[PDB]
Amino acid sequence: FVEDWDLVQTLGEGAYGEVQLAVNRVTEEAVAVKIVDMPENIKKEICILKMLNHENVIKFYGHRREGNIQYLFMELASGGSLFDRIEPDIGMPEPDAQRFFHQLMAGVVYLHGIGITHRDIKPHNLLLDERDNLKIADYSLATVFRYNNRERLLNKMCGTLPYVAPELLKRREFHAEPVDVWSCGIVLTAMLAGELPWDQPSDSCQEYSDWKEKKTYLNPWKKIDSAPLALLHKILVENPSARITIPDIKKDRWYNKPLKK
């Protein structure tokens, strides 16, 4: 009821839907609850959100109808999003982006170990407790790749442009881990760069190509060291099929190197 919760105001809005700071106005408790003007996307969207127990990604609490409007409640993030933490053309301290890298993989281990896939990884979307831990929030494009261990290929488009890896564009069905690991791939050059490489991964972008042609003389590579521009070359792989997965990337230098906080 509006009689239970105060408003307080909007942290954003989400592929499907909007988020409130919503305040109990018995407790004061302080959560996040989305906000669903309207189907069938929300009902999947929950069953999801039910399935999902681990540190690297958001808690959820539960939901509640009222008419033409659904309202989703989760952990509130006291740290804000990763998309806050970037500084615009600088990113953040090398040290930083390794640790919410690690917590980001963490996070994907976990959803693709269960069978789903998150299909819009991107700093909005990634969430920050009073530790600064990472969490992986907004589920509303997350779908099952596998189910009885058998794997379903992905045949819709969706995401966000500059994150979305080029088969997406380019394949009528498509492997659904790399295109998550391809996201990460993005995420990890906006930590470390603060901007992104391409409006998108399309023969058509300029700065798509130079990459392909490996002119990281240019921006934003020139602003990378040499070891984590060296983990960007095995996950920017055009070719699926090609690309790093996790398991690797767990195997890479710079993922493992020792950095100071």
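Numbering follows the first chain given and starts at 1. Rigid core: the largest C-alpha set superposing within 1.5 Å between the two forms. First, how it differs from the form deposited in another entry.
- With the core held fixed, the Cα of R25 is displaced between the two forms by 2 Å or more.
- Superposed on the core, the two forms barely differ at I246: its CA moves less than 2 Å between the two forms.
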Given for the second form:
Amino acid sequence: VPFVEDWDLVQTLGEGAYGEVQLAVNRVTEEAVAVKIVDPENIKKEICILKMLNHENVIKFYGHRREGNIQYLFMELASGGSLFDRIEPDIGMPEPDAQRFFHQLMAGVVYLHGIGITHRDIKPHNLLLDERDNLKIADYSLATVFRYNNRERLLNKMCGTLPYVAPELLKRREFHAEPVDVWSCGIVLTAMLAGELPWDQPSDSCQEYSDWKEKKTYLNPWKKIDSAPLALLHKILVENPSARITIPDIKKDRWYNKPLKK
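We have the form deposited in one PDB entry; now please give the form deposited in another entry.
Shown below: the chain alone.
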């Protein structure tokens, strides 16, 4: 069919130091996708991880064209935008909606950890929503391999977003990849349930993190979170990453399994 190769760029979806993301619409079919446009070794690594992804809760990669030294990355479009924009400041969202998002988050993180990929920047800006509000883990530009040939490799690179980062990345030289992504999913949950972030970073100098370590859940944001999800957060936001709840045990948590949503 002539012209099915052609896509019109119709809306800006995001701009950063990386380049931009454009909503693209096929000239013939009207299929809508997201095109990440960049102006070397890093994009090479990113494309390689992007090709490994095939799950309903992770953004799908359709392939890439280079024109000149400009790379175009075609991927699944999520027409409902980011989870960030469903969170009402100081309120959060309804507990059933939050639980449903957290289920989908866990499904995508399980998936990634299964294929030996860590995301390293899980936050509501990187969690996108399709036309039916299904959650898609986006942005693989910090993702890396933590398991290959069934052997684990420890991480040392400091990266992510401070209010989301686990405390071991601030205190230890090396750390396991999986407890880091689990912690950031906890902060996601807190945000959905409270419409606020609990601390600037999880350090001994941050009074809001000390308050948590001392159990002062009569303070915000914790006082806004019902006892059942707050139990779960007590098991996720544990400072020692070796004692921190794993995903298989999150799937056994009372709140996680509570029926809430129609």
